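What follows is one chain in structure tokens, specifically the form deposited in one PDB entry.
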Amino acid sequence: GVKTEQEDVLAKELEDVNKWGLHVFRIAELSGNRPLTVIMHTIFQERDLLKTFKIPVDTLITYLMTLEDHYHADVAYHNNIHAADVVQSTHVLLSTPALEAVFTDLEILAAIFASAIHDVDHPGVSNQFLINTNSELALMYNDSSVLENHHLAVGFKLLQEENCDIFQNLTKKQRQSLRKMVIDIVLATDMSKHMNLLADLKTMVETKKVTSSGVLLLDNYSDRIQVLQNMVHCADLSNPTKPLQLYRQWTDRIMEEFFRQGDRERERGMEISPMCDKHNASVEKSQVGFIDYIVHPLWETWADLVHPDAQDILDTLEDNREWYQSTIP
């Protein structure tokens, strides 16, 4: 029913699929480590996407399970739980009142699909590490958005596996449009594009047009894709805006992943990357810095775009900043 199994209670947790702060770790446990499959299936059913795009349910489940299997179980942060989280967070953002009836079903499908594949086959090390170690991936992609190009290629390639083509009943034009949107969205998740992306989002907020009900008026592909890019980027950077217990766990996981990268750097006699040295870390201080320099500036701007829809998310972010500030040794 939920598309995996077994001994439920899962249904009661999934009632929060439309809420910020769904307990995605609980969902992962209750689903036998299939949070991405369970959450995607739930969202596709809720949004009636199977009917709209004539997606056979068995094809959807087969693709989701295959996709989920290509997130690495031994990567602490960039795994299937993170993918599930970003999907579900995008799903909530898409339903914000300021965006009512703004996006087509194909644009919604693109944002959700992009979210699901956006980190697939992540090795648990950064683009810069891949470049510095002369990896085959960095060679393939000429040092540019190395991971993000790879996530796209894998996510699309998996559609070709037996009974995995969830887009089989889209028209040729729809497939082309969705492909372009998905590429545009996932490439925008490269953190090196953050400053430019934000600057442009600020420009959009300055010139925003809304109806009397505060619904955004987007004029063209440029407007629509920019909103979707920033939406998924916000979802990717949403951990510090979540209920504190979720945020605390995400922080533990990213630090575990960073520290493992630092261990690889130390073993190779390389300079250890910022925040990756387990011997000299300031986890709490670094979270406060992350919020002050990256996450708050982004979310404050999103909050402006959709005002006042994101006020509670912003309030939670500010409370969570204080938690980490208060726990600096």
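Positions refer to the first chain, counted from 1. C-alpha atoms forming the largest set that superposes within 1.5 Å between two forms make up the rigid core. Shifts are known only where both forms have a C-alpha. What changes on going to the form deposited in another entry:
Core-superposed comparison between the two forms: among 213, 207, 160, 134, the single residue whose C-alpha moves by 2 Å or more is 213. Identified as moving between the two forms on the superposed core are the stretches 1-8, 211-213, 278-281, each made of at least three consecutive residues whose Cα atoms shift by 2 Å or more.
Provide the structure of the form deposited in another entry, given the form deposited in one PDB entry shown above.
There are no partners or other molecules in what follows, just the one chain.
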């Protein structure tokens, strides 16, 4: 009735779940490659989501293990560890003081569940790649947000496996509302929505109303969903805002995946893709561009929205950017 020592050591790492910079690779090791399961489980307990939504525990574990098993282990970046990290990041973002008591449990659950499924069954290559190779996924989704339509459909479909329906006691109203939120959040992880999402987040900060004390007011679906959409998208682009030991690992793993797409574009290649070659284009300049044009404009705008809650995160982002710069000849 008491834990094993590996389980204990894992429980002790998991005490860092509410903090930015969790040792997620270590959790993956300690969990036997189950970081998405142990983290989602921990989060659901801490947020009381099992009681609130009458989720049987064995059903949750069954679904989570099934979900984690359709993330590919032979993909270096877009795997269960990335899912876990994004779940845990979204989890922290939701506890930010500026958002205290703003969102409902169904919203919280949508944000978390979305984060969990958002890259499921990712094949390790890009939308453009899938489209140019005339792949079945691109044909099925009529070329638009191919991967993101796929992740949603797999995540939802897995609820139908044996003892996997975690939402079996939600009413139809809740299930319809949850389903819609989750669709809207995951579709927003397509990077081609980045510029519009960011515009709409800048507009919100311009017009930012406030409640009785420092907490945002969001009185319509369109704004609430916008915030949750930019929240999960922030989490998905959170690697450069982590301690550098973490960030470097993520960079290695993205580079492997992208070099591997390169190597799969020699025969086909439909001609090389953006800065993915050992021959040319530094890894370091690529991180500096990523941070300058994408990651920092987003996190900066997020930081005004939740001011001063994100200062530390933005500081780390800026330190990491100066570090990558300083490593360029």
